[PDB]
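The complex is shown incomplete by one protein chain, all other protein chains being positioned as in the whole.
The letters A, B and C name the chains in turn, as written, and every chain counts its residues from 1.
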Amino acid sequence: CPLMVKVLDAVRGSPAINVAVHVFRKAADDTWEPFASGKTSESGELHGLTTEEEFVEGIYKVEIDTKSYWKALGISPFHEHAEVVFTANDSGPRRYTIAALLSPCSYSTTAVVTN
Amino acid sequence: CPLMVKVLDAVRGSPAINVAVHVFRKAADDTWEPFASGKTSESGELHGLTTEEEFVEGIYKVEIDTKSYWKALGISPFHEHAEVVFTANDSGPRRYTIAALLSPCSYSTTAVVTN
Amino acid sequence: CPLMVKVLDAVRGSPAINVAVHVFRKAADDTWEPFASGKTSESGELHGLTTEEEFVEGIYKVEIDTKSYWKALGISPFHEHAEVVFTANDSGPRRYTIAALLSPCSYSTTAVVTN
Partner (left out) sequence: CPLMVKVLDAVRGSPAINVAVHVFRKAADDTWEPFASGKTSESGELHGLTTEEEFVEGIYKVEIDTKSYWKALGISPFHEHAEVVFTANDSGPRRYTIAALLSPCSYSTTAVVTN
C-alpha cells in the first residue's frame, strides 16, 4: 500500500487506537470525494487504504476524527478534527506515511515519504 | 481582538512573515462562509481579524497558506495548507490564540485559550 | 533581555505557569556553571534572566522542570525535565526566545532568534 496513517497519543504516550480516519480525493469540481476510510489498530496504524493502481496523482485530504477520540477519554478537546491536505506526485516510486501526534489542544503532523 | 494567529518558521528559527491567513465560519446551510483574512506581520502575528461583537458562537476554520510561504523560499513543501477547525465561544466568549510551527514536511498547531 | 523562555501547556491549552527554569553556562573546565534561574509568570513567560553585558559567547543549557509541573496537576509524566543546549552569540549578540510546548509524554522546543 502506498498510503499509511500512524497516530500517536501525546498524553498517554501510546498509539491512538480505534481513531476514525477518512480520506478524500479532490474532484474536478473542487468538492471532496470519499476515497477510503478506516479505524486505527492497536498499533495506532491504518494499512490497506488503497492500492498503487488507484492512488493516482492528485490532491488528497486525510481527516482524523480527533474529537471523538478525546471525548472517549473524558478530555475536552479544542479541534473538531485534524486535517492533512497534500498533493500526491509520481516523482519516482514512493510510499507515503502520514503521522500525527495528538494532544487535546495541539496536534502535529509529518509526512514520511520513502522509496 | 478575540482571535489572534501566530506563525513560526522551524527552519530559520524566526517568525513566518507575510503568510496569508483566511478564516471561515460554518453557516446554517453547512457551507463555509468567508469570515476574515489577512497576512502575518514582521513578528509572525496577525491581529485585528475580528471584534467581540462579530465573533459569535460557531464552528470556524483558520486556513494558513503554508505552500506559498515555502515556495517563495525555494522549497517545495508537502502540504497544500494548514487547516485549524474549532468551535468557538460555546461556553461564552473567550480569547483565542492559534499558533502554528512550520517545517517543509511537518507542522504543528496549538491553541491558547484564555477567559 | 537577550534571553526569554516561554512555556505552553498542550493539555489545557494555556500558558504553563510557575514552571521552574534553571540556566547553566559551560565553563572553561567543561563543567556546567549556574547562570540564572527563575519561574514562569501567569503568561508562561520568564523575563529578566540576564543582561547583554553578562550574556557572553558560550554554550548554554536551559533546563525546564516539567516533572514538577505535571506532578502538581496529578499527572505522572515521562520526562525528568526538558533540556535545551545551544551555542549563543558566536556570530555576535542576538536575542533568543526559547519556546517549549508540554504534554505529559511529549514536548517540543523551538528557538526564535532575532538580530
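Assume contacts are C-beta pairs under 8 Å (C-beta built on N, C-alpha and C of every residue); 3 or more make two chains touch, one makes a residue touch a chain.
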{"item": "Chains in view touching the one left out", "value": "A, B, C"}
{"item": "Candidate in contact with the missing chain, chosen from B:3, B:7 or B:10", "value": "B:10"}
{"item": "Of B:66, B:106 or B:109, the one touching the omitted chain in the full complex", "value": "B:106"}
{"item": "Interface with the unshown chain - residue positions in subunit A", "value": "8, 10, 13-15, 99, 101, 108, 110-114"}
{"item": "Touching residues on subunit C - with respect to the absent chain", "value": "59, 78-81, 83-87, 101, 105-113"}
{"item": "Residues belonging to subunit B that touch the chain removed from view", "value": "9-13, 78, 101, 103-106, 108"}
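What we mean here is this: only the chains that are shown with their structure count from here on.
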{"item": "Centre-of-Cα separation between subunit C and subunit A, whole angstrom", "value": "33"}
{"item": "Averaged-CA centre spacing for the pair subunit B and subunit A, given as whole angstrom", "value": "21"}
{"item": "Residue numbers of subunit C (touch at least two other chains)", "value": "10, 13, 101, 108"}
